[PDB]
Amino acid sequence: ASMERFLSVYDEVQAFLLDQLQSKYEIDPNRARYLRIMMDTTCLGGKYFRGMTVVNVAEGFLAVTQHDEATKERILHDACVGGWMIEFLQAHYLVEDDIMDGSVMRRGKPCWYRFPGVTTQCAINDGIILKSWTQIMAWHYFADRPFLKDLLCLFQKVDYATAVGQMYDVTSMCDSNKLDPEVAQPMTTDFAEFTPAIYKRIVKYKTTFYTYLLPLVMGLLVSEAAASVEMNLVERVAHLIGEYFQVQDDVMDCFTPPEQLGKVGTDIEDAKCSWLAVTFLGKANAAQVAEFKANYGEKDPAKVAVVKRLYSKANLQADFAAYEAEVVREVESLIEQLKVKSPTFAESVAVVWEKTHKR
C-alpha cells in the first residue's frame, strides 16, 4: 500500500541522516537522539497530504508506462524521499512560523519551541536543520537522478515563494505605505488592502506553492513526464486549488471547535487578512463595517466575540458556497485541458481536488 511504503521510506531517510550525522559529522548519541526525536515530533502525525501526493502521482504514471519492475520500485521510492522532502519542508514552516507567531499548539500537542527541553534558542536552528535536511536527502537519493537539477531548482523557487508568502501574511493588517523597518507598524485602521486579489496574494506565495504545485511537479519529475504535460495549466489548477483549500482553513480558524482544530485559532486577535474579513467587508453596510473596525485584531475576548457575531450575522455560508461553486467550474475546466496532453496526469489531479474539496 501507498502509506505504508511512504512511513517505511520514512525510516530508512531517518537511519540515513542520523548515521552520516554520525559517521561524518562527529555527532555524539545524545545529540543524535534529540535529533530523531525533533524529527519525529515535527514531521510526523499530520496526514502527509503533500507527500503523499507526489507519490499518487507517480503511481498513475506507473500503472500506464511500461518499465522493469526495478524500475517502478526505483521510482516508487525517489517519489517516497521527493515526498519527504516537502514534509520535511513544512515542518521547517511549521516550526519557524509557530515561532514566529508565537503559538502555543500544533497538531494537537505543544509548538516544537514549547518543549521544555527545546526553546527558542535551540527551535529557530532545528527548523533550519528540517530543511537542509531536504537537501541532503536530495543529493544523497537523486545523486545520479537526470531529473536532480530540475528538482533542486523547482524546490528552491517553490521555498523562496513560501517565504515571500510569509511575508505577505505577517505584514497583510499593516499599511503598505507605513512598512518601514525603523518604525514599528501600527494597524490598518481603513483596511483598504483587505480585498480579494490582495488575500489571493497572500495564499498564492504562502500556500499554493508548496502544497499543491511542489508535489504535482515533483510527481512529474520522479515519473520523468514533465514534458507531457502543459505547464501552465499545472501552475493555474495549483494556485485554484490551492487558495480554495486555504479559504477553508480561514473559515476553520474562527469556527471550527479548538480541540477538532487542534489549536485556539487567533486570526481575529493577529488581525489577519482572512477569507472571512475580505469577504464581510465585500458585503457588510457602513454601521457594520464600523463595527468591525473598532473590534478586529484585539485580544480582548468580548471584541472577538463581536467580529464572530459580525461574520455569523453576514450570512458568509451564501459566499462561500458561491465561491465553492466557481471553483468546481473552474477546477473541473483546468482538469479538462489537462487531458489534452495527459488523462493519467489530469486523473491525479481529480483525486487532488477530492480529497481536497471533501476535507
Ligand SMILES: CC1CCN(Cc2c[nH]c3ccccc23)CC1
Given for the second form:
Number of protein chains: 2
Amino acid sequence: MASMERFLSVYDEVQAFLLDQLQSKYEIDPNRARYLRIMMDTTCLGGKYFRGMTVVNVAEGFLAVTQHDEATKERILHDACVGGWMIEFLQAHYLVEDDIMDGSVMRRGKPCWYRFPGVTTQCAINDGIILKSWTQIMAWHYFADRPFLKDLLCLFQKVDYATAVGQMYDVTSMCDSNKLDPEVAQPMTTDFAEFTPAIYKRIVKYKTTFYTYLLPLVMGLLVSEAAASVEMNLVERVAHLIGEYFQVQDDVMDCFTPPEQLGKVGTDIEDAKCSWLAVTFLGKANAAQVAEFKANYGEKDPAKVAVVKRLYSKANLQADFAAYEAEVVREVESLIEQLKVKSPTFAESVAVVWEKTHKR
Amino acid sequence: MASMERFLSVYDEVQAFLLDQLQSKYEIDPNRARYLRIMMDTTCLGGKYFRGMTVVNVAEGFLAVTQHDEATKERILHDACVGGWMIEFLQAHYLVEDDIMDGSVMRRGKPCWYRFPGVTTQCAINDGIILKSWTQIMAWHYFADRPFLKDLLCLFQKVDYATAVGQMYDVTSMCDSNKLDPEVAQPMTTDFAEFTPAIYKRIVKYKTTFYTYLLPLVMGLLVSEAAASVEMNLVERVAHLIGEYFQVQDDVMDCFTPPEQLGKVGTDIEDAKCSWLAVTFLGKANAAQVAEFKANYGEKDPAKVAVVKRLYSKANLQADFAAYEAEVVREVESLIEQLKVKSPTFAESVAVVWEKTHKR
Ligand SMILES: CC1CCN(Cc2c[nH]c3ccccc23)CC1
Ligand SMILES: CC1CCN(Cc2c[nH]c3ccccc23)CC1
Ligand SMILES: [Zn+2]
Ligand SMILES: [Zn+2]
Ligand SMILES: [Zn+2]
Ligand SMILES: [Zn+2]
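Show the same protein again, this time as the form deposited with the named molecule bound rather than the form deposited without the named molecule.
Then the entire complex follows, led off by the chain already shown.
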C-alpha cells in the first residue's frame, strides 16, 4: 500500500474514532460533532503533510532492513501514521492560535479559521485547544500498550513546550529585552541591537525546528524501536540545521514571493519581524542604509514597506543567501555522513528530508 | 508543617525549577524569565487554592491511617502539592484563554491578564498555552519515577479535554444546535428550546466539575496510591453533583452579587448564557413572562438587562434554589454514606469538600 494513501486512510480512521468517542463518552450531539469534524478538516488538511509523512518515511526505511512478521510491519506503519497525525494536529493547534495572535487574514489561500463567519475568535481559541488535546487522545488510545508510549509522550511534551517558548521569542522579537514589562505598553525597538544572527537563530530553533524536523524524525525512530540506530546529538544538530534553513526560505518568500503563490499577503516588514532578511541587511548596511531602515521598518504604510523592500533588493541579499545555503549544504552533508556510522537507513531518511526542503 | 504553607513553599520551588530549566535548556534570557515569572504569579496566584489544596487534604487524610516512614510522608505531601499546582496551572490556562475568548474586563478585582498594557492578546494567548505546558513539565520532572505517573497523566489529559469540550458547550449554548455552521454567522436562539436542565447540566459537568472536583479528588487518591479505597463510580457521581451546585451558586452570584464582592461586573444576561437562573425561570414562567424574557435577554442595553433581573426577582427563584439545594444535600449525603463502605477517610475528605462549597 502506498504511504500517502495509508496516511490519509488513517486520518479518516482517527477522525471517526475521535468523533465517536465524543458521542459515547462526552455526551456530544450530532450538530456539534459536525462542527468539530469540519473544524478538524479545515485546520488539519490541505498542507503537504511533510511532517506526518516524515514519520512514515523513517519507519518505512527501517522496515526495509529489519525482520518482522507482516502483521508487525502493518502495526509499525499504522503507529507511524497515528504519530504523524499527532504532529499534524499539533501544528494545526499552533497555526490556529498564531493566526489569531497575529491578526492574520489568510492561510494557504483560504481565510484563517477564526475568520470563518460561524467560528469567530471566541470559538477558534478553544477549537485550537481541542486540536492539541486530540493529539493526546490519539496517543493514549492507539499507543496504550506500546513500549514507546512514555518516551513518545515525554518527547512530544518537550517539543510542544519548545514551540510555545519559540512563539514567545517570536512575538517579542521587535521589543528591547530590557524593557519587557507586563505593566507597560511595549515600544518597538529603535536600535535593532537584538536583530543578530544568534538571536534570530534562537527564535527559529524553538518556534520551527523542534516540531517541524526533530519531532518527525525522532517519532519515526520511536515507533520503529530504533533509537539505538542513531546518535541523538547528531539527530538534534541536523534537525536544527535544516529547520533554520527552512525558516530562512520562508522569511525570504514572505517579502519576495507573489501573494497568489504564497497563499497569503506577507506582512513581516509591517509586523517588524526579526526575519533573516532584516538581520542580514543590518549585518551589511552602511550608516545611511541603517538609518533609512529604521525610519521605515515596522509600519503598515505601504510607502514605507516599499522603502524596506527596495533597501533589501539594492543590498544584494540574494548573494548572502547563496553563501548561507552553501554553508548549510556543507554542514548537512557532514552530519549525514556522521549518521551513517550507525545507520545508512536513517541517514538516507535525513537526506530525503533535506532534499524536500532544499528544492521545495 | 501546616498544609497551606507547604503548598505555597512548593509553588516557589516549582517556579524556581521551571525558570531555571528555561535558562539551562531553552536559552531564555533574564528579561523574558522575569516576564514569565510575573505572568505565572499573576495568573496562578490570588485565588483560594481550593483545587490544589484538595489534593493535599485527601493525601493528608490517608496519611493519618496508613503506616509510612517519615520520609515517605514527606514525599507523598510533596507529590500532593505538585499535583495540586498542576491543577491550579491548568485552571490558570483556562482562565487566561476564557477571559480573552469572552472579552472579559476583570477577574478577582484585577484586569484580566490580556488587558495588562505590556501583555496584549497576541502575547496572552501564548502565555496561556505556556501555563498548560508547565503542568506537563512539572509532572515529568517531579513524578518521573513514580508508579502513578501513567494513571495521573492519563486522567489529567481526559480532564483537560473534558474542560475544552465543556468550553465549546458553553460558548455555543445560546445558539440553535441545528444552525451551527462554520460558514454562517450564528444568530442567537429565539425559542430558547435548548435552555433545559439536561443541557445546562451538560455544560456544567464538562466545563467546571471535571477539573474543579473530580481531578483534585482523584489526584489525591493517585499520589496516595489509594485508588482501591474507593469505588470510582461513586467518586465521579459525587464530584459531578457538588460541581453542578458550585456552578449554580456562581450563576446566581453573577446576577445578584454586587460587583465589588464579585470582583467583576457580571455579564451572563448580556452574554445570553445558559445560566441556572435562565433555565429555572423558563421552567416556571407563563407565556407573557417568556415573551418578555425573549425580548430582553442577550442584549447589552442596560434597560433590557434590568428587565431580565426584575423578571428573575419577581419569579421567586430563591425558592427554586432552596429546593434544588435541599435535593443536593440529600444526594451528597447519600453518596458520602456509600463512600464509607470502603473508606471513612476519603468520605470525610469529600464531606470537607462539600462543606467548603455549601457554605462559601
Ligand atoms: C507556530 C508559528 C507559525 C508557524 N511557524 C512555522 C512555519 C513557517 N512557515 C510555515 C508554513 C506553513 C506552516 C508552518 C510554517 C512556526 C511559528
Ligand atoms: C474555564 C471557564 C471559566 C471558569 N469556569 C469555572 C468557574 C466558575 N466560577 C469560577 C470562579 C473562579 C474560577 C473558576 C470558576 C469554567 C469555564
Ligand atoms: Zn506568529
Ligand atoms: Zn513566515
Ligand atoms: Zn467563558
Ligand atoms: Zn460565572
